[PDB]
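With the hints as your guide, set chains B, C, D, E, F and G onto chain A.
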Amino acid sequence: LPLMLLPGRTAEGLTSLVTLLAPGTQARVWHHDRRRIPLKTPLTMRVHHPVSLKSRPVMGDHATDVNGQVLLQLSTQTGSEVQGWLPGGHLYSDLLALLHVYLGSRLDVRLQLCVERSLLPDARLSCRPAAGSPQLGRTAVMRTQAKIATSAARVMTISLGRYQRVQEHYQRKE
Amino acid sequence: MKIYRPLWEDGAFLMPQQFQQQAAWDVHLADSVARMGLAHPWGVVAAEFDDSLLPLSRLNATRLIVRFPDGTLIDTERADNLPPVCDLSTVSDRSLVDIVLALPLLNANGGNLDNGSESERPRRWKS
Amino acid sequence: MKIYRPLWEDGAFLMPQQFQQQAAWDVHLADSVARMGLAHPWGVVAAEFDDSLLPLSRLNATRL
Amino acid sequence: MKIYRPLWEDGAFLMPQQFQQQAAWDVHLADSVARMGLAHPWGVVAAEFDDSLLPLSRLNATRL
Amino acid sequence: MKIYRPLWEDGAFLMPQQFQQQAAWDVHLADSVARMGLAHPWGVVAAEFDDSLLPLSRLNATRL
Amino acid sequence: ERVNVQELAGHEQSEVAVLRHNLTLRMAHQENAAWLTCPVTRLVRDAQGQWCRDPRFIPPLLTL
Amino acid sequence: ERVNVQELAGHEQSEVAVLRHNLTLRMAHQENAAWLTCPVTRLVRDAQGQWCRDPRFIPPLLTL
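Residue numbers (full-length UniProt numbering), protein chains in the order written: chain A, 184 to 357; chain B, 1 to 127; chain C, 1 to 64; chain D, 1 to 64; chain E, 1 to 64; chain F, 128 to 191; chain G, 128 to 191.
In isolation and in its complexed conformation, chain A is listed as follows:
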């Protein structure tokens, strides 16, 4: 509530949101990041005979838009909380605290994590195989001690669409 009274703010409140919910975990924010696609529906690099334009729109075939997709890392050291961030545990805590309380439709948030090696099994049935997108924690049958690694990704906190359609009426002639 003290943080949610300043308008249009901030980045440093996301540090408080993590240290509240599970101690031992720290947070760092990178403000801009190299986001990618949105694929533009006309390719627009046809070189035109009747009418064309220059001033801003210059590109190839896929665009890059930095502007709003921040990166967040977490860092734990108690293994009971390592199995809390994989989907099912504390991931439902952040995923609802962001989307309707603190940010809403401001931005989109990328998540990331760095632990020591993993605690992750393999190809068992219907639902809990995937450690996000990657898999590990199964092959080191060689050496005793630690190596540090990044963990995985989590999904963005986004909400969007187009609905379908074309229109039929208009505003007003003033």
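To be clear, the hints were calculated from the coordinates, so they are not data collected in a lab.
Hints may contain errors.
In silico BS3-like cross-links for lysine-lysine, where the CA-CA straight-line distance does not exceed 27 angstroms [stated by the list, open to error]:
no., chain 1, residue 1, chain 2, residue 2
1, B, 2, B, 126
2, B, 126, E, 2
3, B, 2, A, 356
4, A, 223, B, 126
5, C, 2, A, 237
6, A, 237, A, 223
Leaving out everything else, chains B, C, D, E, F and G in the frame of chain A:
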């Protein structure tokens, strides 16, 4: 369209590229054995139709076995669905009609035809 | 032929006539750097044929 | 003044000082070929004039 | 090796393969002029060093 | 600007911008310190007070 | 080798580790025990002391 092929060694994060690229490389080996004394603008094995709705402006295909000249196979009893019905409503003269089974062309930056968005060029698709 | 040289300022927008004339102007600089290749007209540096199609009274080149 | 070969990437911003710095390289290159057998600051071909305004103090060059 | 001059007309997309080839072809015209006269592998034009660090056995170039 | 240039494919034409040099004539007894100079001609006033062209003048030549 | 290969589902690429064969070119009069060979060309020496290639040999062909 380069065809990469990865290493599996001593604990490697399972990425979606590492299975698609391996799916590609053994398609390409099938054609290189298949050239070896053949011609390859390749074609059609089986094609069986429906003649019932020809008094109307409808026409639908019932079974198709086609091998395209890029080496991709269509085996409509196994892992591919029958296409929608064609339309004859915009025809003035009836000798013109030459029906040709289409399929969109793959690029190196696109992928599945996600419904929910429009485009001027179609793609193959998760169904 | 009125070989035009196009102009790029901050609002020069893209047409096919931009590039075709620009490609023609640098071909035109290939002649005026020749002060002996204008002293005799334009040359031939390799021309090699096949004679096997002559009993058929055909003809086809190899290198031109 | 230096001349820069522009890097033609894909998926980036085109700016009009890529098109300029491209074409100014090609003119510089043909100057280097020209100075290999010949050795001077070159000049004029075929200056022609108009003379009807010579009763007054007026000139008309018609081809340079 | 192969060199592919691109066609400019009112359909085409803008692609980086076009600009690299049209740049690559104009070296070939600018070299086909030099073989009308001279015949050579190329040489230096200027190569000037610095006699400062040479007692410390480190060599540097000033202009090449 | 608005020079009517025809695209070379068979279509209609359009209007582009074309670079033009800002040429002029000077007198070579003035001060030309921020220009480039190449001698063109020499005029002598005739005895009737009118201007005539000197038939004995050579420019810096490029072609005989 | 590490490159950045694009997913074929419409997303951002990341780094994978692909394999490359450790090819090499050796000569027939060396020792070739450990390797698995296939001949590709023949070099002869020319009248001026230069190298050139015979057109007479043929490698084992999977195609003409």
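Hints, verified against the model:
| no. | hint | result |
| --- | --- | --- |
| 1 | B:2 x B:126 | 23 angstroms, holds |
| 2 | B:126 x E:2 | 41 angstroms, violated |
| 3 | B:2 x A:356 | 57 angstroms, violated |
| 4 | A:223 x B:126 | 22 angstroms, holds |
| 5 | C:2 x A:237 | 26 angstroms, holds |
| 6 | A:237 x A:223 | 17 angstroms, holds |
The earlier numbered hints that this structure contradicts are 2, 3.
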